[PDB]
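Participant: In case you want the letters, here they are:
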Amino acid sequence: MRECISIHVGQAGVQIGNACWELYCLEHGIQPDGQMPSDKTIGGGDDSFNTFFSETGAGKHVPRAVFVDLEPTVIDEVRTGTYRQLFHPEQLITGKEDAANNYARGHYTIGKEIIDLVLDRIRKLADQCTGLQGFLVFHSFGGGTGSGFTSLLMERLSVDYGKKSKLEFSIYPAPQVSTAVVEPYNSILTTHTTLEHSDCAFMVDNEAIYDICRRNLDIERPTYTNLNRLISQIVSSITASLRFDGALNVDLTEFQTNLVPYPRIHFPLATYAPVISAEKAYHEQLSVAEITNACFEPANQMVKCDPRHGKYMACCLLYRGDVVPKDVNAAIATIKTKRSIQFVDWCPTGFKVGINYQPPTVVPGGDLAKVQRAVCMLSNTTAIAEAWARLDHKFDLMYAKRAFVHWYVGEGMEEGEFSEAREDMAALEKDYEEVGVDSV
Amino acid sequence: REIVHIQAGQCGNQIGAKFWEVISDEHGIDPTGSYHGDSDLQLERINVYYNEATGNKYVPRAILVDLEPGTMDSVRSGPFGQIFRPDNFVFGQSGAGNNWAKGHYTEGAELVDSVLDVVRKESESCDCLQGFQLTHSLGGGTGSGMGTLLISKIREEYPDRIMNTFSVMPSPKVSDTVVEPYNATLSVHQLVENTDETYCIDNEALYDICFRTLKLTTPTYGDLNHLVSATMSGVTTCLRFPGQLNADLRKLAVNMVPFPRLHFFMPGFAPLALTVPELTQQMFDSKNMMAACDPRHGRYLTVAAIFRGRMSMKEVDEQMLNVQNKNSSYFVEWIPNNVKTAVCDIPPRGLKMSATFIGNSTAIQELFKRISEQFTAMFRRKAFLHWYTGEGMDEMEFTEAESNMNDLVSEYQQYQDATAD
Amino acid sequence: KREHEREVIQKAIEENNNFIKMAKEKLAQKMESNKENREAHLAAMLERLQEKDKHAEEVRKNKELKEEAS
Ligand SMILES: Nc1nc2c(ncn2[C@@H]2O[C@H](COP(=O)(O)OP(=O)(O)OP(=O)(O)O)[C@@H](O)[C@H]2O)c(=O)[nH]1
Ligand SMILES: Nc1nc2c(ncn2[C@@H]2O[C@H](COP(=O)(O)OP(=O)(O)O)[C@@H](O)[C@H]2O)c(=O)[nH]1
Ligand SMILES: [Ca+2]
Ligand SMILES: [Mg+2]
Ligand SMILES: [Mg+2]
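Protein chains in written order, with PDB author numbering: chain C, 1 to 440; chain D, 2 to 42, 45 to 275, 285 to 360, 369 to 441; chain E, 75 to 144.
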């Protein structure tokens with residue numbers, strides 16, 4: 001049983017954390033006070049759910065998590081909210097002044113004042129682990145803390161924990177819910193500085209999630225709460241193999257072996273199904289084949305891009321709930337005979353499958369129907385590079401005029417770091433091009 | 002968190018007092034400083052502008068400044084006159100005689116240190132100071148000359164805090180006359196170097212709005228100030244109520260100021285059936301601008317829009333996208349997604373819904389060009405210069421101020437002409 | 075074969091330590107370079123403001139010399 005420590009950084013990171021931890025508590029039978037009646041071993045144990053939760057002698061199950069933000073008002077709502085008894089106060093860390101949507105303030109000016117306390121607090125979590133597997137880091141690309149403080153933290157974690165695994169859930173910006181004109185700057189800067197310190201990063205395009213909520217759940221104008229509930233289901237699908245046991249369960253690290261062909265090519269595309277309202281789910285049971293088919297519909301992806309116009313280097317299916325391999329195999333054979341699934345020539349074309357038998361759960365008063373079976377597809381496709389292309393283009397438009405650059409230079413940064421970051425992005429786009437070219 | 006408010010000179014104190022009355026009402030604070038409101042949303048961010056004293060009393064974090072006692076005494080008798088902190092009145096006797104030099108270099112210089120003592124007191128007790136806002140006019144002597152001096156002095160002690168001004172521009176249509184172009188130009192010279200964000204409140208525009216739109220043949224300062232206060236309430240709502248966008252002064256500046264000198268905003272308001289499509293058309297129309305400039309004569313570098321009241325979020329998003337689509341030529345192409353929108357549930369007093377507009381448009385040069393013209397027609401004849409040399413200034417400083425302001429104009433033109441390709 | 079086995083694992087240790095070291099030194103250089111840059115920015119800002127003050131004195135001294143002529 002290898003522990004995983006989650007770190008939630010900045011508003012997006014923290015609010016997604018709220019949604020994820022509430023959902024995990026529901027999946028595991030853990031109450032808002034941390035009590036878990038079904039757990040018979042008191043004060044400790046090596047059950048699957050212990051990778052994510054520690055236990056006190058008082059029977060409280062405590063998330064192996066730190067929440068960090070540079071201003072206090074988002075975390076204050078955790079401190080005073082429904083799940084406030086879940087966390088020890090020292091796991092929730094706040095400053096007095098935010099990064100003002102400025103990577104430089106998050107990474108240097110404001111961030112440097114709290115970084116040591118954050119690492120000290122993470123260290124206390126790690127000291128309670130007998131075989132720490134790694135970290136899961138939740139953050140936005142666009143915010144000043146999400147971008148700059150996360151980069152600083154990832155650099156420091158590489159120093160303090162070596163090549164111990166670090167996975168990200170990264171919120172890629174969309175204009176429907178963006179709050180800063182400079183988000184392209186922050187995105188490129190953080191992506192550049194974090195690239196070498198991250199083993200696997202799952203990007204979540206807020207526009208893809210926004211459009212799924214509008215279209216699939218009929219939400220007129222999605223809020224963060226709508227987005228975050230959807231995002232937590234996806235995050236849960238991804239971490240379920242670490243949190244539950246089972247015969248057909250396959251560990252996330254085993255998928256990772258297939259998902260990462262080169263250190264830099266480590267951004268899987270997630271697609272999730274079924275996303276459906278209670279009103280439409282009623283009397284409409286969605287078979288293994290229907291949800292599997294939905295995985296190859298680009299409308300169901302967490303990042304907007306078109307895999308039909310790229311090449312696959314890996315395809316993984318993470319099923320949960322009422323699912324048996326026979327039906328999975330039939331469904332896959334069907335997809336194979338009818339879809340544009342083209343692999344690069346240096347990779348095998350088999351889909352890697354895992355099944356966790358614990359069915360999905362929903363939060364009370366949410367938008368998603370409770371279903372009997374769900375699936376998250378994780379693929380490594382050249383198509384994901386479109387997301388970088390779009391962001392890099394917005395960066396170029398502004399940078400050619402040095403618009404807003406003075407806000408960064410004023411906090412001590414140099415133009416040199418902008419061009420260095422931009423060139424690393426250009427090289428990344430190029431890397432994704434090369435892996436798709438046929439072997440000579 | 003905390004903002005410190007400074008009001009200087011006659012105009013400064015008049016629009017300042019109106020500002021506190023209006024927002025005190027929005028926040029449910031009565032004139033004695035006691036809260037009697039209905040919504041918890045009124046108090047969530049009350050600390051931005053108010054100090055809490057024992058007795059659950061709220062005291063504006065406000066400092067009142069003038070080189071004569073007149074307006075200040077008027078304030079103390081006003082409706083909310085007793086709400087202010089008595090120690091925060093710092094008036095002299097000399098007066099400034101509508102002379103920037105007197106406010107900036109001599110008279111104002113004499114009173115400035117006692118003002119700083121109050122600023123420092125208010126600042127020291129702040130959990131985490133955001134920065135400052137100053138209300139003043141640029142046409143007189145105290146607000147203009149001493150106001151700019153105060154900005155300089157405060158920056159020296161708080162170089163890492165945001166400096167925001169609400170600056171009332173002079174106009175012959177309202178004019179206290181006659182050296183106003185000198186005062187204004189000398190002022191703008193200071194604002195260009197030493198503030199982070201300036202709201203250009205243009206008397207030329209307030210007049211044309213009262214006269215033409217409101218149908219007031221004889222507009223008083225009272226009528227002008229209703230416009231000013233409605234605007235000021237609007238552009239501070241994202242600072243005063245919970246929310247996501249431009250929720251503090253630094254985040255606003257980072258969204259609004261692509262180049263450090265280009266920080267002069269054209270504010271707008273609506274209304275002056286009232287649907288979302290109608291609010292939207294109105295807040296973007298030249299007639300609703302508080303600065304005498306036509307945005308169809310330049311391009312928008314950045315925009316903030318604030319909608320207030322109960323309305324469809326979906327409808328707002330659509331109308332805002334529609335405005336940009338249909339008017340794409342008037343938003344620079346090389347700053348993507350440069351228009352941000354906020355919606356606050358709490359409407360201003370006496371309206372079901374309203375919209376406030378904050379624009380950084382290269383068309384603001386029409387305002388500076390108009391001042392520059394009036395400045396040069398006097399300066400070329402060296403008219404009234406002795407009022408200024410008589411306090412120790414050389415012509416050089418006039419020449420420099422003129423130049424810096426002409427440079428500002430050229431810089432707006434440069435970015436207006438800029439292309440993505 | 076045992077000698078090769080020993081070299082492989084030592085090589086793995088050496089590269090992990092070099093990675094950590096490289097990361098440590100680059101962070102230190104960035105934070106140092108950043109601090110110096112930021113302080114220089116603030117210093118030039120204050121030095122401009124203290125010139126404004128020098129010019130203000132110069133102006134009042136100037137009035138005092140033309141009120142003596144008179
Ligand atoms: N999906 C999702 N996105 C969010 C959420 N909150 C903010 N965002 C997005 O994150 C970006 C803004 O960054 P934030 O996380 O709010 O900023 P921050 O990390 O707190 O950094 P500073 O506020 O500058 O200190 C924008 O793209 C927002 O749309 C959230 O709860 N869910
Ligand atoms: N909008 C508005 N403008 C004013 C008001 N009072 C004065 N002004 C303008 O302010 C300029 C004169 O400066 P003023 O503040 O009165 O002089 P000061 O006391 O030296 O700062 C002129 O352009 C006036 O039209 C007011 O209450 N409202
Ligand atoms: Ca146990
Ligand atoms: Mg934040
Ligand atoms: Mg006057």
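A hint or two may mislead.
Said to hold, decoys possible - For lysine to any residue, the following SDA-like pairs were computed, each having C-alpha atoms within a straight-line distance of at most 20 angstroms:
1. C:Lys304 / D:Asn349
2. E:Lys128 / D:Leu275
3. C:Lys280 / C:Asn293
4. C:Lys96 / D:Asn54
5. C:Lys96 / D:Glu47
6. D:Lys60 / D:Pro89
7. E:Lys137 / D:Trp407
8. C:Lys96 / D:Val115
9. D:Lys218 / D:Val177
10. C:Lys164 / E:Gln84
11. C:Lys163 / E:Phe93
12. C:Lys112 / E:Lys128
13. E:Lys126 / E:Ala114
14. D:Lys326 / C:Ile115
15. E:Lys128 / D:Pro162
16. E:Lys137 / D:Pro162
17. C:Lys304 / C:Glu386
18. E:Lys98 / C:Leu195
19. E:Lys98 / C:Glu433
20. C:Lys163 / C:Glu3
These are calculated hints, taken from the structure and not from any lab test.
Participant: Please go over all the hints and tell whether each is borne out by the structure.
Facilitator: Hints, one by one, checked against the model:
1. C:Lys304 / D:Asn349: holds (18 angstroms)
2. E:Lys128 / D:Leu275: Status violated; Cα separation ~47 angstroms.
3. C:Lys280 / C:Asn293: Holds - the C-alpha atoms of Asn293 (chain C) and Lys280 (chain C) are around 18 angstroms apart, at most 20 angstroms.
4. C:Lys96 / D:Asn54: Between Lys96 (chain C) and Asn54 (chain D) the Cα gap is close to 18 angstroms, so the pair holds against 20 angstroms.
5. C:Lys96 / D:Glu47: Holds, at roughly 16 angstroms.
6. D:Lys60 / D:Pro89: Satisfied, since the Cα-Cα distance of roughly 15 angstroms is no more than 20 angstroms.
7. E:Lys137 / D:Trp407: Judged against 20 angstroms, a Cα distance of about 12 angstroms means the pair holds.
8. C:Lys96 / D:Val115: violated (31 angstroms)
9. D:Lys218 / D:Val177: holds (16 angstroms)
10. C:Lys164 / E:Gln84: With a Cα-Cα distance of about 18 angstroms, the restraint between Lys164 (chain C) and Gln84 (chain E) holds, given a limit of 20 angstroms.
11. C:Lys163 / E:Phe93: Answer holds: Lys163 (chain C) to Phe93 (chain E) is near 9 angstroms, not above 20 angstroms.
12. C:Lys112 / E:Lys128: violated (36 angstroms)
13. E:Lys126 / E:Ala114: holds (19 angstroms)
14. D:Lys326 / C:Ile115: violated (40 angstroms)
15. E:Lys128 / D:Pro162: holds (18 angstroms)
16. E:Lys137 / D:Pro162: violated (30 angstroms)
17. C:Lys304 / C:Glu386: With a Cα-Cα distance of about 8 angstroms, the restraint between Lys304 (chain C) and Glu386 (chain C) holds, given a limit of 20 angstroms.
18. E:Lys98 / C:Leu195: Given pair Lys98 (chain E), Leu195 (chain C) holds - Cα atoms ~16 angstroms apart, limit 20 angstroms.
19. E:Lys98 / C:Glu433: Not satisfied, since the Cα-Cα distance of roughly 32 angstroms exceeds 20 angstroms.
20. C:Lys163 / C:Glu3: holds (16 angstroms)
Going down the numbered hints, you'll see the structure goes against 2, 8, 12, 14, 16, 19, while the others check out.
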